[PDB]
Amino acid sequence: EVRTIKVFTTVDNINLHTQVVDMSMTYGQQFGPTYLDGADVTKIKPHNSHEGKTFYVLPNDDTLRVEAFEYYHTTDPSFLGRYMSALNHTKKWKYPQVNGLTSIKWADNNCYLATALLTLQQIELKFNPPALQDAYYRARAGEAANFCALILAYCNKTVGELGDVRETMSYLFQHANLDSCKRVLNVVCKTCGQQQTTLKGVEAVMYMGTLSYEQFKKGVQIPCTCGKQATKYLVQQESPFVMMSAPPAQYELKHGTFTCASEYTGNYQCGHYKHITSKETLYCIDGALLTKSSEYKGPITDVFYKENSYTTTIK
């Protein structure tokens, strides 16, 4: 007896493609690698309960290739399989609402992802790929599983792998519209004189070396090619936020002087992030856990500040 069911294949879970599948053959024999809500069903034969359901496939024809690129803005061949593999895990995570924000209950070393997600909800940022637009909208509403699996896929991290918050924000910023952001800097060495520099996009909102936006405005010391120590300071800034980063160090966070921050405790090989947000007081969100304090000191690695337009008074 020949037996078939109708199913739909997709790469973006919006555009559906009608298929008829033989129940005597595996999905892999018929579609190549195949996934059902993240589960790998390549080696599985169709079940009666599968009729009418949507399965993800790899982009193996030109129509799927165009749909996949338009939705995800990547042509990495392993992207979809990495996204599905992550999703099969992230759909089992818990996304509690903590002080009004979507967080993530700790699992699989996902603290870096929770603090990135909490941070995104406090800064003005729009994603360009529709996949990130759609999943971030759901994540804000509390259903963050697709968004978290997408972050992992875009950052080329697997579930359980130790991640860096600054690196993760850099990847997400790459897929965001920061084209309006502009940064002017000035560097003065007493032997080589001055050199001004202009930065755009992601490089205009991120800085590595100091956590303090004020010290960045007043000036910081850096090496020069002559061996002398030059000074770098901020001349002009156009952006809705800025991100200041440094190797973790004991740092004091004062209520009302920043938006949010990341704390990192541990070592290079493994550790733990927490999130600090300045609202009516200072709240520390550690996954599902919440505590408060009026003052905060701890090993901070990233701090986020609000911005609109800033111009220096330094002559």
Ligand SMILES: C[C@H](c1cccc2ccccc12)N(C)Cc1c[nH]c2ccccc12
Second form
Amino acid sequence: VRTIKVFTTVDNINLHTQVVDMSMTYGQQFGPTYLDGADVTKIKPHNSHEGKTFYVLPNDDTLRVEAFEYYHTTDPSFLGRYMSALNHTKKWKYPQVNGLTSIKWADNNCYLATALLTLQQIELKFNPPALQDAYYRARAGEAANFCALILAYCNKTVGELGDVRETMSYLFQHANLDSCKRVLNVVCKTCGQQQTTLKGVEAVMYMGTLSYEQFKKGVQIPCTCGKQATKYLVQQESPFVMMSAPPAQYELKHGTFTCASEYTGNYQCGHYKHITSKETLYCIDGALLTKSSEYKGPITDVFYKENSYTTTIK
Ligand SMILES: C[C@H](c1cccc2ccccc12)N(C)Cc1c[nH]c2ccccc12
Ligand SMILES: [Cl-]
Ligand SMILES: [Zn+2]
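Alt. form deposited with this ligand bound, vs. the form deposited without this ligand above:
So here's everything in the complex, that chain up top.
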């Protein structure tokens, strides 16, 4: 019986030394096994595997605690889905554009590139160590693990078309937004006024207007009575806000926003670009960078810096 030593892991933090039989498959010895994202379940050990780290499914109480503490999920499919995405994302290119890590276009990844660019510019702390650790690598120019984790957390596969807003709402569930707070007042000429308070993810995201200034002054929404009412922002406590609406032609003014999602196409099929406000306006389209003093284009998300806002409307 010939053997080598390898490490198995669910997290790549806690390594578990294993003596492996070179006459059995990894699958026979460990269950589903991954080597740098590749499924080696049905492969027999090779001498070059000595001292390498293999991922395995949590098949005992030790591994399940380690996996839960790292990923903050008990979904047994998660590790498998992360490894299948990572097997493709480790082959993408991560261009440095304007001091930011982007992604060269591939497998409809424009929505992921736009989310990655946005996450480098808004103030957000991820709760799971997996996302904290992979985000740090993405900043250092190696975003493959971060992109594969986003796909696993959102239950999306490489190649699937995606929406930036939907992606940010899933990721924001894993971010520490617990103390974010939004107070709204809605004024109806029939029904009167209604003040509500939102906490967490709901406190930082709004669907129906791109303009943070217009949200502060009043937006028109349908009341339950069938009239139009006026909704406005009374108080905001958060490090950023995300304002979204169905794609429409919109003017981004230098200095008035952090970054924005441009979307061209239709609900089914389309392309995201990323607009950021530095000393001038930059349009990041994967690896491609164009700059202008002005922008007009089909915008669907705008991100704004915030700390504490209280309306002066009495
Ligand atoms: C920006 C876009 C979108 C957002 C909101 C309203 C829209 C109205 C008309 C056309 C596009 C619209 N996403 C990508 C479409 C989209 C939403 N969820 C998805 C899931 C998978 C693929 C695309 C999508
Ligand atoms: Cl973080
Ligand atoms: Zn009403």
